[PDB]
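Asks: Could you put the whole structure together from the sequences, leaning on the hints where they help?
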Amino acid sequence: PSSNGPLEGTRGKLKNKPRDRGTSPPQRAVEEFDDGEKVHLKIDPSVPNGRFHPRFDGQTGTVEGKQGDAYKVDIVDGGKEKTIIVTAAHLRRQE
Amino acid sequence: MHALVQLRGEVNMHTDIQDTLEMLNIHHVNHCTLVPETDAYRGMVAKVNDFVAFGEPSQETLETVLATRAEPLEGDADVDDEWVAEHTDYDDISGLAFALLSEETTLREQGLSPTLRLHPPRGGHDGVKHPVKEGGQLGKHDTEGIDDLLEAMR
Amino acid sequence: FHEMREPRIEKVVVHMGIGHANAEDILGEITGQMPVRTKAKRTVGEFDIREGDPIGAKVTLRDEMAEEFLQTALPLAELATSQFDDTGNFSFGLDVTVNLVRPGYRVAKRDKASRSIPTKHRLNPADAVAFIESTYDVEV
Amino acid sequence: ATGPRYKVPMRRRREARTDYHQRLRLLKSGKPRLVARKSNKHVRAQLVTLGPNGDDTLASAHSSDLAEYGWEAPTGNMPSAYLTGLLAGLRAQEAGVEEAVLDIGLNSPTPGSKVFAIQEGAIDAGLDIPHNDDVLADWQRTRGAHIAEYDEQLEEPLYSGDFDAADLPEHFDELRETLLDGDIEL
Amino acid sequence: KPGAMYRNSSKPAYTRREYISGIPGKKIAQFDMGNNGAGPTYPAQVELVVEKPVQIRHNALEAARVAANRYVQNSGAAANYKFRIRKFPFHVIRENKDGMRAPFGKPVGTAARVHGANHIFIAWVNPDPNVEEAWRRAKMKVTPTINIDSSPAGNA
RNA sequence: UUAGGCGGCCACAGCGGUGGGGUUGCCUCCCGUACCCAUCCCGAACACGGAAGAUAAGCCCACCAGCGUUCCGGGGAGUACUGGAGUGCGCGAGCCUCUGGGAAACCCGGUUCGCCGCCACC
RNA sequence: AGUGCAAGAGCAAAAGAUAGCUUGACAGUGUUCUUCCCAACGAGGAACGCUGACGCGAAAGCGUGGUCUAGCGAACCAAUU
RNA sequence: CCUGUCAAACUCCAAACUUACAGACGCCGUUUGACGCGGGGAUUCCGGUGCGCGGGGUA
Ligand SMILES: [Cl-]
Ligand SMILES: [Cl-]
Ligand SMILES: [Mg+2]
Ligand SMILES: [Mg+2]
Ligand SMILES: [Mg+2]
Ligand SMILES: [Mg+2]
Ligand SMILES: [Mg+2]
Ligand SMILES: [Mg+2]
Ligand SMILES: [Mg+2]
Ligand SMILES: [Mg+2]
Ligand SMILES: [Mg+2]
Ligand code: NA
Ligand code: NA
Ligand code: NA
Ligand code: NA
Ligand code: NA
Ligand code: NA
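Here the protein sequences come in this chain order: R, X, F, O and J.
When we follow the deposited numbering, the leftmost residue of the first sequence carries the number 1, and every step to the right adds one.
When we follow the deposited numbering, the leftmost residue of the second sequence carries the number 1, and every step to the right adds one.
Reading the third sequence from the start, the letters are residues 10 to 29, 35 to 107, 128 to 174 in the deposited numbering.
When we follow the deposited numbering, the leftmost residue of the fourth sequence carries the number 1, and every step to the right adds one.
Reading the fifth sequence from the start, the letters are residues 1 to 97, 109 to 167 in the deposited numbering.
Just so you know, the hints here were simulated from the structure itself, not pulled from any lab data.
We put the CB at the ideal spot given by N, CA and C, even for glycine.
Be careful, since some hints might not be right.
Below, a list of computed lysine-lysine pairs in the DSSO-like style, where the Cα atoms sit at most 27 Å apart [as the list claims (entries may be wrong)]:
| # | chain 1 | residue 1 | chain 2 | residue 2 |
| --- | --- | --- | --- | --- |
| 1 | J | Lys97 | J | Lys11 |
| 2 | O | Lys7 | R | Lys17 |
| 3 | F | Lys146 | O | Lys28 |
| 4 | O | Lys7 | R | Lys42 |
| 5 | R | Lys66 | O | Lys31 |
| 6 | O | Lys41 | R | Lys72 |
| 7 | R | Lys72 | R | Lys82 |
| 8 | R | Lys13 | O | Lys7 |
| 9 | F | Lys55 | O | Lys28 |
| 10 | O | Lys31 | R | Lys38 |
| 11 | O | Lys41 | F | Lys143 |
| 12 | R | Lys38 | O | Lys28 |
| 13 | R | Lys66 | O | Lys28 |
| 14 | J | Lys52 | J | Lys152 |
| 15 | R | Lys42 | O | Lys28 |
| 16 | O | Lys31 | R | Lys72 |
| 17 | F | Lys143 | O | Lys31 |
| 18 | R | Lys15 | O | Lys31 |
| 19 | F | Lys146 | O | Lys41 |
| 20 | J | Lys87 | J | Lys152 |
| 21 | O | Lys7 | F | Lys146 |
Restraint ranges, calculated between C-beta atoms of paired labels, are given here [unchecked claim]:
| # | chain 1 | residue 1 | chain 2 | residue 2 | range |
| --- | --- | --- | --- | --- | --- |
| 22 | R | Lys72 | O | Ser29 | 18 to 24 Å |
| 23 | F | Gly138 | O | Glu177 | 40 to 46 Å |
| 24 | R | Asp74 | O | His131 | 38 to 44 Å |
| 25 | F | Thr52 | O | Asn107 | 29 to 35 Å |
| 26 | R | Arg93 | O | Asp56 | 16 to 22 Å |
Replies: Take a look at the structure:
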């Protein structure tokens, strides 16, 4: 890479298809998860806050408590165990 | 149920392919195993497709091979009718063979090593550089095609 | 059907597009209510570089205040046709514009469930000339 | 509409009925919403909760089914609003609902407004709602005094036939009084 | 310089003029020749078909086209035929003209990418194929071997 | 749902167009400014008070595919591209065979003129 | 379109414009991610909390500077609270 | 309206394929103790080649 910021090489993954453009629905920004649930991490290009580092987009972790309204999801980067602070807006229920 | 025979060695073959063969209980050239025809197994042989010879053998042939190259989970013991009868659910080799073919049991389940360590093909095989459709010995075979190989390596 | 289809005057905007005012006074008497400043956009050569800047005033008259005004304005104008909107409006003159439309216009001006008026329910240049011409004067 | 790249608003935005930015802020509380809505002739008050396939209304009150309790006056005024609020508020309590936040939709937060009147009613019914007392009407106007005094400048009945000529903020008391004990559907 | 230096399609497509400056103008004079006033209303239609994907410098395009059309004057300056070269030199080409240090070359030309089997030239003629000859000389000045193909013409 | 309120999915719902519907559950337009409130000027809007009129807007109901969108048949196409294998071919660029996958444009014909939830309601 | 400045990205009853009001560009202390994929490493950065005090709003709520990714600096010594 | 062409820093589309998690089968581990945790000792940080995909370069 020519630079090493968090958004390096994120043009695709953090951009919306022309039609999904604009403010997202509030239903999923308010969804409630329970400790133990499996959730898919995917940043919503439309939602500014509650994001996590673009490198984890695609990960599927486990909800283990929360911090404020944001959730604390545990994942495994390669072989390293990591905890990720993320809001509902960027999480989906597995299955 | 297909008969799998490794015809190409490990040197230079992809590691993930080698592991697969290993998961199929074949760790040497000319070693053979019987595998059920399931989606999971199907995907496996496909990935192994270029270094093996497989096909559905005939009742007879399986019998000849079972008799000639089957072994207990441990030991020299010849697997003959008597052995089959005094150790398995069936009464004789034919009975075992049929059950295998109809995928009702497996060589392990009956206390037999999952591997039939065959002999080098008498008269030689068709080449390990081309597939069957090309006159080679690699890939899927005919029941008659697998039988010849298996019988040559009996 | 009619009654709710027949035209009506909705606001008459009287504005003096000066270039920098004392003019409000006359608009106040000519209409009958306070005028509003007219700020401008963009910086331009007519020493009009100031963005927020009084550069004229206007006055939007509704109901009687509008008629009682047109009952002298119109007479001071001759023109008609071509000088009419495609929506049945027209400006003459110091400017004096007359916005015309039919009974259910609020549907497009309210907050809740607002909706654009259907081309069919719009007012045509012709249907406009009729209404007005039919009120103390002549067309073309 | 124009092309594959065109962006069509969410239905309820097209219909100019839901303010989604406000809705999201509303849902933040995690409490039931006290939906205060009006019509040219009536006033509605619902207690909505979030649901898998959409909102769930656990209790509601309409200015029309107000008569069902002895209302004999118009239903698009302040006294009406308050009462519908209190009515829905009560049915709410019955439902086991204890607190809510006020959703006034696309209406304006004007002081002494009917939506705030609705809010006052729901509060008195016993519902716990984040509010501000001095944004509410001064009780008398809630009662309908502003209208009684307006008919004082009579000369012609403010009410076409309807009931009374000089109107009744008292009829208001009689009703509130009624709703505060027993009766069906409460 | 030799065609050997640029005739292969091994490099990435380089055509974004928004990121490339100083690109030499093309030597290709025209793309439409003959009676361009008329539309393809002819009996016969022959085409010059390139048989290998290659890059053809605007250099070769112009020499090949001239050699074909300049010859199609076996029919006259205002003869009855229309000649078309359908490809355009989009691919910008460089040269490293220090040694291999900072070797990203400087724009020196343009070339058109043609894949095997495309037709680079298409002429329209009445049963009067002098064009077939205008192409024996045309594929004479372009890198690939070529195939002279006739389309509407069962007049053999 | 003989017209309502809050929504979910966010064009299958958009754009355009036709027909039908109201002494009332109703929604509207509509009528009107003493009040709460309101316009840097206007009761336009916002807010409040109210029914003389209307179904012309909106809205609801029925329907039209010309445009846009979704999905499907047949054709393009097992074509383009591609994971695995080859002492197959080619001066080479590159191609071919076996094996596991598999498109886009476009054309023709269907589909789509929203679906679903909760509450309230001759 | 605009949103201070590269480029890419976000944004329409707004993240833009106008008006008004306000100083949350607040003190304290953390969690996590990043810096440094995996996988150890400082300063820096960010996200998300809590305690305290405040601003605005009817209220939910929003404000841990500017929509996001650049604008930064160890020990020793000095000056400052 | 017709007609001729393109894109590493274009995209209405869109693979093969790579990849997170889960279940199944396989293989493995529970005297050969896997997965993992803690600690001791290193070497190493001139690499090369084939094949696939590359970026530069006439090569
Ligand atoms: Cl993170
Ligand atoms: Cl409302
Ligand atoms: Mg990319
Ligand atoms: Mg043994
Ligand atoms: Mg021999
Ligand atoms: Mg051989
Ligand atoms: Mg009608
Ligand atoms: Mg921010
Ligand atoms: Mg020093
Ligand atoms: Mg100092
Ligand atoms: Mg990859
Ligand atoms: Na969105
Ligand atoms: Na040098
Ligand atoms: Na040649
Ligand atoms: Na001013
Ligand atoms: Na109507
Ligand atoms: Na740090």
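Asks: Work down the list of hints and note, for each, if the structure agrees.
Replies: For each hint, the structure was consulted:
With a C-alpha separation of about 18 Å, the suggested pair J/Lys97 and J/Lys11 falls inside the 27 Å cut-off, and the hint holds. Restraint check for O/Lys7 and R/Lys17: satisfied, since their Cα atoms lie roughly 10 Å apart, inside the 27 Å limit. Distance hint between F/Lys146 and O/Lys28 is fulfilled; the C-alpha atoms sit about 24 Å from each other, no more than 27 Å. A threshold of 27 Å between alpha carbons decides the hint, and for O/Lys7 with R/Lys42 the separation of about 22 Å falls inside it, so the pair holds.
A C-alpha spacing of about 19 Å is found between R/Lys66 and O/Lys31, which places the hinted pair at or below 27 Å, so the restraint holds. A hinted pair counts as satisfied when its Cα atoms are at most 27 Å apart, and O/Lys41 with R/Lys72 does not qualify at roughly 50 Å. Proximity of R/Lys72 to R/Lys82 is assessed by CA-CA distance (about 10 Å); at most 27 Å being required, the pair is judged to hold. Distance hint between R/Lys13 and O/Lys7 is fulfilled; the C-alpha atoms sit about 20 Å from each other, no more than 27 Å.
Distance hint between F/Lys55 and O/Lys28 is unfulfilled; the C-alpha atoms sit about 40 Å from each other, more than 27 Å. Using a Cα cut-off of 27 Å, the hinted pair O/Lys31 and R/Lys38 holds, with the two alpha carbons roughly 26 Å apart. Restraint check for O/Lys41 and F/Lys143: satisfied, since their Cα atoms lie roughly 20 Å apart, inside the 27 Å limit. Between R/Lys38 and O/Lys28 the alpha-carbon distance is near 23 Å, which keeps this suggested pair within the 27 Å criterion.
Restraint check for R/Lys66 and O/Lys28: the C-alpha separation of about 15 Å stays at or below 27 Å, so the hint holds. With a CA separation close to 15 Å, the supplied pair J/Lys52 and J/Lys152 stays within the 27 Å bound. Pair hint R/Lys42 plus O/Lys28 holds up; C-alpha atoms about 21 Å apart against a cutoff of 27 Å. Of the pairs offered as hints, the one joining O/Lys31 and R/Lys72 holds, with about 23 Å between alpha carbons and a cut-off of 27 Å not exceeded.
For the hint pairing F/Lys143 with O/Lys31, the CA-to-CA distance comes to about 33 Å; that exceeds 27 Å, so the pair is violated. Of the pairs offered as hints, the one joining R/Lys15 and O/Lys31 is violated, with about 33 Å between alpha carbons and a cut-off of 27 Å exceeded. Distance hint between F/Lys146 and O/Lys41 is fulfilled; the C-alpha atoms sit about 16 Å from each other, no more than 27 Å. For the given pair, J/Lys87 sits about 15 Å from J/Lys152 by alpha-carbon distance, which is consistent with the 27 Å threshold.
Only pairs whose Cα atoms come within 27 Å are accepted, and O/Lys7 paired with F/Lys146 is accepted, the gap being roughly 22 Å. Range check, R/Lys72 to O/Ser29: about 22 Å between beta-carbon atoms, so the 18 to 24 Å window is met. With their beta carbons about 42 Å apart, F/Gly138 and O/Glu177 fall inside the hinted range of 40 to 46 Å. Judged by the Cβ atoms, the range 38 to 44 Å given for R/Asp74 and O/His131 holds: they are separated by roughly 41 Å.
For the pair F/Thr52 and O/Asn107, the beta carbons lie near 32 Å from each other, so the given range of 29 to 35 Å is met. Distance hint check: the CB atoms of R/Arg93 and O/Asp56 are about 20 Å apart, consistent with the given range 16 to 22 Å.
Violation of the numbered hints given earlier is confined to hints 6, 9, 17, 18; the remaining hints are satisfied by the structure.
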